[PDB]
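Quick setup: one chain, the form deposited in one PDB entry, written in structure tokens, and binding and motion questions come after.
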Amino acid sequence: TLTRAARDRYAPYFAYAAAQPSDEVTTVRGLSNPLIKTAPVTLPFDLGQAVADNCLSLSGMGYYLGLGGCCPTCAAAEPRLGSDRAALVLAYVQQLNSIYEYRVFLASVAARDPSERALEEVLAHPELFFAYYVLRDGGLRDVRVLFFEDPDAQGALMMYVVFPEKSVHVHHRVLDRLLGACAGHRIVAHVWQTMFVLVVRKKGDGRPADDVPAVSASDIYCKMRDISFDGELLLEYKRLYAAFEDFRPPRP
């Protein structure tokens, strides 16, 4: 062979490993240190490219996909996180009593179109609410939401998820829960006018909404009639809708 071949360098170790099982086990198990713990990505970034233990980072330092196990922020958020998808469904159906906890979610539609038909159109796609709930429960409390119609799809609804701060971190647990819950949708990271936003839009075959029990629309409206919104949140939503009006996400 022209060049000492593979295993030529690796030959003694492998003979020794054939001789010594325990040392082989120790060696193979010892390879637990990842050489690359974070890697830069570019927007628009599809979050579907991230595996279960990947976390996401967005800031003036750039955008990075990182290993959650080697993440200090993830480590910090780690103790309070435990998943209840059936519970997600339960929260969606029984949201009527618990509207209070999800006020901003409704405020958005209430800001754009107070009509019953609009709220109905929003309730047509539960996975959006699944997204908002997972994000909120994941420590991303001050997230704001926007609703637009899908131009590249027929009768489909798009949801923008706008973050408040100039630095955003999505935990790997939260990310995994998010991708798991919104199986019917695709989520892409973007930046628009210095604002980090997650774009959630419906994808492919089948309508997921058929596989979740219907919910009362007029009753939620009736309940909403009593509710007192912040009023500053609603105007905030007005300017947010105004700002993202010319925002045009790319083709699927």
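C-alpha atoms forming the largest set that superposes within 1.5 Å between two forms make up the rigid core. Numbering follows the first chain given and starts at 1. Shifts are known only where both forms have a C-alpha. First, how it differs from the form deposited in another entry.
- Among the candidates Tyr92, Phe147, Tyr102, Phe163, displacement between these two forms reaches 2 angstroms at the C-alpha for one position only, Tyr92 (superposition on the rigid core).
- Once the two forms are aligned on their core, the segments of at least three consecutive shared residues with Cα displacements of 2 Å or more between these two forms fall at 83-101, 210-213.
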Second form
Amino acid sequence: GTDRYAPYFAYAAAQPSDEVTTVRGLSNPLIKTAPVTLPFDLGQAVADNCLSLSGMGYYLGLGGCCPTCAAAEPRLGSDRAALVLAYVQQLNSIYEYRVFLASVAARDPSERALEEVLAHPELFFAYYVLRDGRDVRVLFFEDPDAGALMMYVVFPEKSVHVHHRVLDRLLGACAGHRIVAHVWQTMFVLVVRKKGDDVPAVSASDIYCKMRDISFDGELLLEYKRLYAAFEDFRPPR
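Now show the form deposited in another entry, given that the preceding structure was the form deposited in one PDB entry.
If you are looking for partners or other molecules, they are not here, because only the chain is given.
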């Protein structure tokens, strides 16, 4: 066997001031980033974990050692008490959020489709969190392995980096929804679906009235039509 630690522990009992500095000194993590494979459940990522998706591969790295995380750190350095209350208050007013509503407008512009979207407020919370930390596109489809609907969060760039604080907020706001990272036709997508709450009584008729007054960008609605066409034969696993 091995007893190589025995001379140190005899010394550590005699020198307490050295024991404090030795324990505190063990701060540098040996593994700063580890490879992952898609489909990847984001629920496997802890509070300081960041997700990186690229042609270089898929990685679950430590935020404290990550340069992409460090750059965004002064901008989103924001309390949960006001964060939880923020997307709850912003659920009442959906006018500025053109990207979210345009997806509903392009797919099915009826009040019955808007009734079903507003029935799952956690999906707007997912979009709100991912918007802050930017140019994402949402797609609503029916869950064939659950009368509930699932959301696809399509990323615009060939390179993707989800901040450790951003996915901490994302998982927290969507407790009751499973978030899995996928790749479909060179596009990185996050599938937000029900796995198994203080939310306002959403008036579907009032937002539907506002939708008629709102003038959407034509190029964004056709983009959604093309994106919905591309994600039809996706078939995400359970």
